[PDB]
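Peer 1: Got chain X sorted already, so can you dock chain M with the ligands onto it with the hints?
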Amino acid sequence: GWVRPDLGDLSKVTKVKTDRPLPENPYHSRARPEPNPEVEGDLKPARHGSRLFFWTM
Amino acid sequence: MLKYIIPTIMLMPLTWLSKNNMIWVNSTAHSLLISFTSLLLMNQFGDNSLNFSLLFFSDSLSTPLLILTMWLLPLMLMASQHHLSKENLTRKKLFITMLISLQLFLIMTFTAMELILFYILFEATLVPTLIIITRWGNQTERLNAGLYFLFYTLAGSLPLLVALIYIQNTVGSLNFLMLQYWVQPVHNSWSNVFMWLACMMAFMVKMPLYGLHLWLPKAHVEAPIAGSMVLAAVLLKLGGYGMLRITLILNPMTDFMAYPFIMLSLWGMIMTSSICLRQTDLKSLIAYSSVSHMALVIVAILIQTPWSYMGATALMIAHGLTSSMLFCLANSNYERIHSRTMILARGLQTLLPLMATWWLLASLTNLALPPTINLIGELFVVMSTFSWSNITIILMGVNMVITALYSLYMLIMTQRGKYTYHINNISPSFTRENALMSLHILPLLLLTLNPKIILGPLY
Ligand SMILES: CCCCCCCCCCCCCCCCCC(=O)OC[C@H](COP(=O)(O)OCCN)OC(=O)CCCCCCCCCCCCCCCCC
Ligand SMILES: CCCCCCCCCCCCO[C@@H]1O[C@H](CO)[C@@H](O[C@H]2O[C@H](CO)[C@@H](O)[C@H](O)[C@H]2O)[C@H](O)[C@H]1O
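Protein chains in written order, with the entry's author numbering: chain X, 115 to 171; chain M, 1 to 459.
Next up, chain M with everything else stripped away, as it sits in the complex:
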């Protein structure tokens, strides 16, 4: 992985040694070049994962997440450089450094072969993320949002640290390849019930699981746009990726420990979808949309079927691009009217016709219009949960209906109707804003032509 780790680090010298007026051009261009080379990770085999060294390996699960992560860095740079224009030069370079360091921790997190190396990097992403939210957020509440984000995560992570170290003691290793062959079954006992909880609660909080999700709408509403992009696109998927790996050693206890969390997700997804119908804040609506989508991922990981794992892998990638696009779309409105109130600026399709096309495409992927990968992921999950229990189609069906209602409600309220009279600073969409939107939707729609590369190890 050094062909990706090292050039990612070299982005830091590049940013700091760039001319004062070229920090965005240089960092954006060279982070796109790194994104290009990440496609070499798709040298995947039918039987064996791609194991580079004792430290790093890349299978079909981590490969698409790595490519999503490295694609997101250039997009985040494009999305931030407007609202950071008045920033002090050094504080602009420190902002970019926080994003580069986040990418560094992320690509190492997704390829760590040892679970305790995964834990440290998994935890290391907190610091740059927290600093972005609290230093470069705009509102007073960004400070409270930082604390909720920090302490929700740590409340779960610290038990996970104890469980992993206990697992290394008893099994002798935490290398994920070794665990595949040395895994022993988990037999019922209160001791194992809490080993199971410690291994899964840290990841449940990151997804987040319904009930434990309150940190997420706070963080999104306060984060800067680049922070919201990485939060929704990648950092949520650290929970999913971690769960997909650790469940290997939790069998067969996962048979009955899953029930309380499937119930929370199946019911929680209807509850958070319905919350979206009455949200007044556009960013908060998108945040609650992520909770509903990630509920499906939690259910799919817990029912442990080949179809559900394929569906979860596609959902994580599809959600990553769609939710990131939606936050970017809402941000472009915010940079004009400087409010997140959804009902404030209406009828924008009249004033920004092409940006209204992006709003349409983003909404269609969010409601999972076939054959988007949003629909492929969501459909595969629904097929597998139906076999788990037929009655789940009722809850899946209702969520699909409510998901369409709030997706098109967001489209209709902001883009259609009459424009707000007194709002007269809706300038024409910039090239930067249109290119940012297209760099989200075009790769998302292109992946429909070749969806096998985002279906994960069980394809």
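This is chain X alone, in the form it adopts within the complex:
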């Protein structure tokens, strides 16, 4: 009772049920370094302007 698969059958992506648990860290990754502390707040005008030498603005 063996039926030959059709053209395109064997290239199908299929789903398979397994009782094996999905690996947790397949790449064996170390812990990622923490991100740089985010800078947040309300953008206020620069205090006393540029403050370049004598400039007052």
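Keep in mind that the hints were calculated from the coordinates and are not lab data.
A few of these clues could be false.
Computed, partial: chain X to chain M, Cβ under 8 angstroms [stated by the list, open to error]:
(1) 116
(2) 128
(3) 168
Derived CB-CB ranges, DEER-like [stated by the list, open to error]:
(4) X:159 with M:120: 23 to 29 angstroms
(5) X:160 with M:161: 44 to 50 angstroms
(6) X:160 with M:141: 48 to 54 angstroms
(7) M:90 with X:164: 35 to 41 angstroms
(8) X:164 with M:180: 20 to 26 angstroms
The C-beta atom is built at its ideal place from N, Cα and C for all residues, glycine as well.
Peer 2: Same frame as chain X, but now just chain M with the ligands:
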């Protein structure tokens, strides 16, 4: 300071929009009006300086220098308009523009509260000064004189720029008021030895210090009269004014770093006074006279005493008017005989009796006849250097003797004796020439009645 900066700028539209025949009348009149209003800067207080804004302030040191600067502009216009008569009209207006722009840089230089704003304006005065010398000088050597003036100054200034920026980095500010309170002592080290040199060499070259003075006789002999007037009266005092301010942050290292420069000044003043006895060129004699006088100012600033600072402040003002007068007097002779050779035209008191009075008065102030402010300044310095070391009175005494010898030698050679026979174009002194001389000597003699306003912050 905007009540002085803005009207000074408005002199440029006035000159360019004036009728072709009124450029001198208009610029002279309105520059005199600006000079009048500069007296309002004498609202000085016993404890606090006059601080107008974050950019400009005026204490008792800068106030007299500002008034000298603004008084000099009308005098320079009067002194130039004769030899510029044949000049092209646009090139006459460009000449006046160079003088106005110099006044602008100067009054901002003397009132800048921040030292890096002072540096830029202090340097900016070079361009108009150099252009005046090299464009409107008369001789071939004016080109070499421009280069010596430019590169002597820059050799010293560029180290000063590095030192000031380094000082701002470490102290956090260059505001002169802030420096008074945040100043820390300077401790010995080769690193501080060169910080001290960088902070003081730019000003030493401007004074000039003996040894570093060679640019000055070159520049004077080649500059036009107006250039020589501002050079001697004000631009030399940028060195003195800068030193009087920066020495605040150089203590106590100034105790021993001063020695090589006091030695140069104390000995240099005798050397340059003696050079005057053998000068053949009248302008060169007056140039070398300035070196001798400014040597006293350098010594006074470096010994750092209340009496020496008062003396230096008076000497700078007194020298400014006297040396400017002497250059103007020699110029009036030159406009007649067209040579600076001192011995060429003799016995002029016979031909120009009233101009011989000006020659006498100018000489008497130059030798510091009491109670002129020339004597007040020179005497206060001598009192303080005597306490610094008693033996200095020997060198001070000799300089006073030699100063009298060359001052009266210049008077006797040009004004007395027999007139030169073949010189027959000595026309009577013009009103412009006599008014120019009197506008030098009268304010100089008037200041004797009230000398406290030129004695500086330590009065
Ligand atoms: C340039 C004029 C000086 C000429 C001589 C040259 C001096 C040396 C130049 C090197 C740079 C030094 C300049 C020093 C001043 C700069 C620092 C400063 O001025 O502070 C910032 C300034 C705002 O100035 P502020 O104190 O706030 O006063 C406001 C008054 N309404 O904001 C600024 O920075 C801009 C101010 C620059 C100064 C010139 C502009 C002033 C506005 C007048 C412009 C002309 C308007 C009239 C147009 C006429 C058209 C024919
Ligand atoms: C017109 C030019 C004028 C030139 C004037 C010349 C002035 C000469 C000043 C010399 C004194 C310099 O200042 C001196 O420098 C050295 C820096 O190494 C400091 O001393 C430091 O280095 C020396 C090495 O020689 C160490 O032994 C010492 O332990 C260390 O603290 C001194 O504590 C300081 O007294």
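Peer 1: Hint by hint, say whether it matches the structure.
Peer 2: Results of checking the hints against the structure:
no.: 1; hint: 116; result: 87 angstroms, violated
no.: 2; hint: 128; result: 70 angstroms, violated
no.: 3; hint: 168; result: 4 angstroms, holds
no.: 4; hint: X:159 with M:120: 23 to 29 angstroms; result: 26 angstroms, holds
no.: 5; hint: X:160 with M:161: 44 to 50 angstroms; result: 26 angstroms, violated
no.: 6; hint: X:160 with M:141: 48 to 54 angstroms; result: 52 angstroms, holds
no.: 7; hint: M:90 with X:164: 35 to 41 angstroms; result: 39 angstroms, holds
no.: 8; hint: X:164 with M:180: 20 to 26 angstroms; result: 24 angstroms, holds
Taken one by one, the earlier hints fail for this structure at numbers 1, 2, 5, listed in ascending order.
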